[PDB]
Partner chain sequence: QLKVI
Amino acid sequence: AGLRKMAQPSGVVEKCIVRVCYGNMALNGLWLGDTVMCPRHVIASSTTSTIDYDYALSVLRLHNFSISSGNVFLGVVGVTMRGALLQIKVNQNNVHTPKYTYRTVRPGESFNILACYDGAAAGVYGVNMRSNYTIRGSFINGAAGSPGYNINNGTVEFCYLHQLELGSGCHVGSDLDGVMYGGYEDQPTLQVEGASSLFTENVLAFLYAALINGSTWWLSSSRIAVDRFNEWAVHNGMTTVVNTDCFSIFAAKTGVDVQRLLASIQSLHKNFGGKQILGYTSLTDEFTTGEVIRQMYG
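Output the structure for the chain only; the required form is deposited without its partner chain.
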């Protein structure tokens, strides 16, 4: 009984973190096979004016790179641009390379952040991609290159390398092909995050997780129609609901239908914060259905 925003174990990912230095810039890289990936602004000079990354690569000296795993430095064979990342060929294989894939995540999906500094893992936590493609993270200067990941069937699924902070805990990374999430630029210029809406699908996963754990003080007796709730959601900063069949697994375990939970959501929005649900803010949208099931039953 209970529910916690958990992080999948980090050990397989820890062995792939390297320190990447260039000039007076140092950040984190991901070492898989004989390639290190890392944000391309490690080669940037100015940190307030637009950066011509292509010119920076044109004048790059490979010996100016200093790449280390623990106390062991690697020889740099080549560099190539990969969107907002650099792909750095190194002269040695990482013998601890896990089995892995790349996958881009979409808004509302959960993954794990391994926050790294100076090529070393310092903490691990779970995040959920917000509707404006930022994550509610905890990063200070030096965290760039921190990997996001999910573990599925012995396979590490890399989805995120940290790039920048827009404001507050609004953090922005790229996927592993170098595409920035949300389209934000890796330029030190003035950009604003879009608005963000609560993922109603995620709130429902959380509410079902509450029911399975015996928390029922919030559960309406009356139901509300999907369309009625949708009309309300768009004026109350929550996303609309398309299909209720994705919650079939929870219907089959609680007897409770989504329409009762949508009525509870509106009443919880009416007295927002009057009581916690499982020690969490009611209407927390950081839990997905998969997370809930994986945590609750397995």
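Positions refer to the first chain, counted from 1. Under this definition, the rigid core comprises the largest set of C-alpha atoms superposing within 1.5 Å between the forms. First, how it differs from the form solved in complex with its partner chain.
Of the residues 183, 154, 167, 78, exactly one exceeds or equals a 2 Å C-alpha shift between these two forms once the rigid core is aligned, and that residue is 167. Annotation for residue 66: C-alpha shift under 2 angstroms between these two forms, rigid core superposed.
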The other form holds:
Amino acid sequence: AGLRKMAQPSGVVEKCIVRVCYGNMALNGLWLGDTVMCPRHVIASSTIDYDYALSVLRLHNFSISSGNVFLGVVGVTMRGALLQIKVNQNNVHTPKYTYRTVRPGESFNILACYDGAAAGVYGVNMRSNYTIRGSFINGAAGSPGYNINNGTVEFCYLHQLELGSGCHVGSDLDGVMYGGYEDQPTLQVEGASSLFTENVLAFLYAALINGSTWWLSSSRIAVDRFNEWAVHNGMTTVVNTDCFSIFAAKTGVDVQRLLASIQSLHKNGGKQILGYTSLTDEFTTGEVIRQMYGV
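The form solved in complex with its partner chain, contrasted with the form deposited without its partner chain above:
Here you get just the chain by itself.
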């Protein structure tokens, strides 16, 4: 019984963290094969012309280390908001990996790194405005986001910046910044964050399975009518519902009743659900199924 925001085990990724220093800048890199990926603002010295910074770059000014082992830098290139740094040593601990760009509502794992070493690991969920609800301080850029699927590490995030509100932004491993934000120390408009409704539905189904039912509405509202309401009450639209069939079948409660309970919950934070804020949206149906039933 129970539901917790978990991280997948980090061991396979911990071996791929390096320290990347250039001048007075220090942050983290991801060492796969003979390449080190890191955010390009490590080489920055108002608005930054990265192409110029890369043109005055001397390779011997890098310091890239794995613990106390220093890696020779062979080449640098630009990959969007990242540097691709070729190093002279192959990482023997490189897992089987892929790159994937995550979508709003999807869960992944953050391995928070400082000085080129993992310091913590936690689960996150990409928000509707392409930020994550994180915990990073200066020095954590380059902290990787990952998923583990059938022995393959899916790299989806390298930490980049914190918006003026304390929301966190990274790029995918192709160097495309999530949300389109710029890696510039400037005033940037941040999109409105909305609660991801399909994840709220998964959470409320987990609550039913865990015997929490005080919040359950008797009323019923249709998907398309709820969606009209959602975009005026800070919640995303519901687009996929076939994933809820198994939960509706285990519980007897269909989505339309949960949608109506969601409206009621928004008019109460007058009571907790499973110890959480009633409308938490950090859990996916996939996460709930693994924690409730092990599959």
